[PDB]
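Here's the letter readout for the chains.
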Amino acid sequence: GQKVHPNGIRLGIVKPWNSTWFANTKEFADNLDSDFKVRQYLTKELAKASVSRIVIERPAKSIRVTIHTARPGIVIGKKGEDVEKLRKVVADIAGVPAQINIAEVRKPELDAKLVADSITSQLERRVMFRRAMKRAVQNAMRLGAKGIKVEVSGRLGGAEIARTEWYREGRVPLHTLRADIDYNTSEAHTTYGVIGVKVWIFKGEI
Amino acid sequence: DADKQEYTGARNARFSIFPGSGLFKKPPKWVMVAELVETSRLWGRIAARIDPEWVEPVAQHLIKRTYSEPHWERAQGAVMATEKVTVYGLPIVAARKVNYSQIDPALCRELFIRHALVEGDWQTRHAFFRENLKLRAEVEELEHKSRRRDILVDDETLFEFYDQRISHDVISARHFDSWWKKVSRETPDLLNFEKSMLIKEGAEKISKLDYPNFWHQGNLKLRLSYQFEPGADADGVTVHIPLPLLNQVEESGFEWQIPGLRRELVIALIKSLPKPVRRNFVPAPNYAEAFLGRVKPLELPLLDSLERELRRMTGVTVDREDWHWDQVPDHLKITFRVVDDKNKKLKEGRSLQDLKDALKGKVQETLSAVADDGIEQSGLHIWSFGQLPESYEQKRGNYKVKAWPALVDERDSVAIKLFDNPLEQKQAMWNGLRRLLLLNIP
Amino acid sequence: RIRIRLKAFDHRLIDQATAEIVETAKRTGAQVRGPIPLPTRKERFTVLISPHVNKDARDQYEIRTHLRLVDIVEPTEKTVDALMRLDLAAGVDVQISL
RNA sequence: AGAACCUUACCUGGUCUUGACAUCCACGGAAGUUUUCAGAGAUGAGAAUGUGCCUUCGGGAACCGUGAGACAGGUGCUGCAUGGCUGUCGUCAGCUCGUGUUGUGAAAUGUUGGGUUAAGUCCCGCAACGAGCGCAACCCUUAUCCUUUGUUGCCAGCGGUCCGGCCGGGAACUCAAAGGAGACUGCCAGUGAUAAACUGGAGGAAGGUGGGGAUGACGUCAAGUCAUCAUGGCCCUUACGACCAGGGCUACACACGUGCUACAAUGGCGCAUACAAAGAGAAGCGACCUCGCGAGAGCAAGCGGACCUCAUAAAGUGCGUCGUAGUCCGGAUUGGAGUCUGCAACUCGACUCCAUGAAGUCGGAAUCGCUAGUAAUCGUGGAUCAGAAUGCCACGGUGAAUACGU
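Residue numbers (the authors' numbering), protein chains in the order written: chain 2, 2 to 207; chain B, 638 to 1079; chain 9, 5 to 102.
Rather than coming from a laboratory, the hints here were simulated on the basis of the structure. Backbone N, C-alpha and C fix where the C-beta goes; we use that ideal spot for every residue, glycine too. Do not rely on the hints blindly, as some may be mistaken.
[Said to hold, decoys possible] In silico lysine to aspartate or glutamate, EDC-like type, Cα no more than 16 Å apart, as pairs: (1) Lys79 (chain 2) with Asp638 (chain B); (2) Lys11 (chain 9) with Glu28 (chain 2); (3) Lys82 (chain 9) with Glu756 (chain B).
[Stated by the list, open to error] Calculated from the model, a selection of chain B residues having no Cβ within reach of chain 9, i.e. all distances over 12 Å: (4) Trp667; (5) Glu768; (6) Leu789; (7) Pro825; (8) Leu828; (9) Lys842; (10) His877; (11) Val953; (12) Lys1032; (13) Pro1059.
Produce the entire structure from the sequences given, and follow the hints as far as they go.
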């Protein structure tokens, strides 16, 4: 492993940060601790809702989180029911009252993290990896993407020895910083170990 | 429960209809039962559908009322809240909009007395309300003249001013109407505000000659309005212009402004100069004073005046293009709005040509509306006009309306149309005269 | 007479944050000093990136604290009511000193 | 990126067994505070007081304590079962695909050829035509100018000066940080396939990827990490889990790796005195004054910090002396007396003072870095951290030699 994280090289230029707030030397550490603590709860609770992305900002002893998800109905609940259950629990974890914004992700299979966690699901559902992967990669081209890289790695399909497999069609310029890349990883906890899953997505020049 | 065959009863308990009922298969949204029995689960034996407008009147000792979202609504002049009525924790009315101001008298007195009297955004007929609104107006144009917002006393003092003589019976708008009904007969002038708005600031010196309300340009007189809102599109001293006066107005000498701004005006103009020229003039307020102590308005154009007296002071030849007007603030630029007889501001700018390059068709039809006799004729082929007018004149209201008639060539005939410029009149009448001569020579 | 310190992690965000404050302050009472660009603090961070070995392989990170100062000198006691209502975004911290 | 215990995963001894840590059940008490006794330590026993909420009058929530079973736990093995992350060749310039053509086929062609560049960089040619990853560009910083603003930053044009930007004052200038501009072989001359391009010249603060950093392709080494974490399999389940105390990770006939300080007169020593950048600070930095030779201690201002503090930069320059003496070099080592930190400084911190003064008089075979603000040297700060660097990370000051050439 020698490449650099594309989102981590592209934070200050193109891709915005996931948390946006300020602190001194005192409150910064346990602020990060609470930011961690709410995130895994939201992910395990709404893992069936196809959560893509989480934004934290902290308005003056308050918190507003915005979660980008692809499916409206499950995360909103019927007749506005579940988001108020999510309301009080994150305030309980924070110690301050909170606000939750549900952000729709249209064009769902162009998001990297949703593609990654989707293709994680079928490997743990033991359908065969080649068909799963080429189905996951041609779909972005069909709905009009202009870069896609996909990888899985490690004890692949019950193999005794690990291997890596990558597909890529289009144009995925990692070394161009102005290129905009959607990137987040995933892990499949299959019966033989951990499949690693990586997805790079390329949208535009600026 | 929605799409569920279970019922929320008293406290957090849940039950279901005893299956021997006929409405066991036809569940109501609101049920009453006779016997609660715990056998496999909780069962109400004899069940019947009810309408939930029933249970508030018959459980007055049991209803708990929760009022949320207390917001002051203007239209009633009163605070609304959403009430929820419950017994044993059962939400009988999920939401009902009700008058929080009629519910409690403590805070709503302060809220109403502040809102409809101190801010005073009230749709009503009250005479003291009218006069206090006009007093706050005549103070806010004073602040707009001053460009300093310390003249007016704070609104909390106005709240105290109201509160000390509004009796304690007033809690809402209806009580206030009832109170003004019995108090307006004894003291009408008590609620009208006294003249103590300006106290000790020193701005309240404001000179009327330094801040005029009308500008005289030649024979004409143009309206002035004042506004303090820095960075706004309508900010700055705004001249209001009747539309037919456009043919007599010219931009010359107009940037002289009211005399109350000229010091910081010439400071802005002199610091619009680049750094080498700007270094000659230190300090800028002192040199502004030395300029204003010798300059008189309207004797020269503005740029020429700054150039020649600044040359007199230090000997630099500041060129015309050295002065930058984008660096000059917009509120110092005198806003232009063309208005009608009913003060509808049609078009606007901060230079006169922004008006003129957009109003020529509208000024033309304005001339045509007043010219109701047919000097303007078409299909004309032989000179049969007698003495063609040099400068056509009419009168509307208090102002004369001037234009210039001329011939117009049409390639098939000659026509007469109006023009708002003597030069365009000249070339138009020239071309029409040429076509007329060509038609008349054999 | 009032010192408004703005501390943020993005210059692209703190410019409009101080611009909103300055135009709202001059909107209702004027005589505001310009937003002073005051020397930012750079926190440089050296991290060993491999889990077990190769000390000489590291990454470098930094925190930039964009620091602006706004000064108002004259008594402007009516602006302060709407000044607390400007509900700026979470990206910048504001400190008001008298 | 910091072992006195703790860390600690090791040893020995005392100790526990649904457990030190999670979730489910049941019972009782809210929680918590003070005191004493034995023990190296984890127990047992008192006194005080709990008892807030929540009206559906009850309970609920937190917490403690007790017991059963489902269960937990492991820095235990496998990096040759894995993910993730990382080194490496190597910042090397190459690594491929779609379609076509040739060859039965493995494969080739594109990617070879002439030039040319740092570069499959570009041009031309060409059974190839295109495309992708790579290169470069855009990322950051530094090198010059302009616009904006000018606090705590600056002091030129003004005065008063308490001589101190001290003040009034001023926004010029430095500077500060935002937005622009500026360097693109852009222009000229020659060479060169009328090419790409090269050499030289002007202009310019910067001229030929301006300089430095980020950026590491396809992949190699079954490379390193099961002890960062997650993780499949296997192992223990009264012990390979858990608590505590003392010792060990710091030993010592030796051998090597990487550094520090020296062997000195381009120096040592003493005095006077000149010039920075960068960074940190609230359980913190810690002014001044006093006391002590000093380590520091008291007192205690200001500072969440362009203001205040760490904080006197040192080489230097000028004086006086030393005089080639294992020395007025060097400082290891050792004894005593002390200072701070922390429950605690014996093993096993850091520093001061007094006294001593090892080897060492330029390093065999060999071997390393360095192409310019570099090498060498001189100091400074940071992280970790209660206390702890000659290590790392960053910063400035002085500041080189040489490159014929393959």
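Hints not upheld, ascending by number: 6
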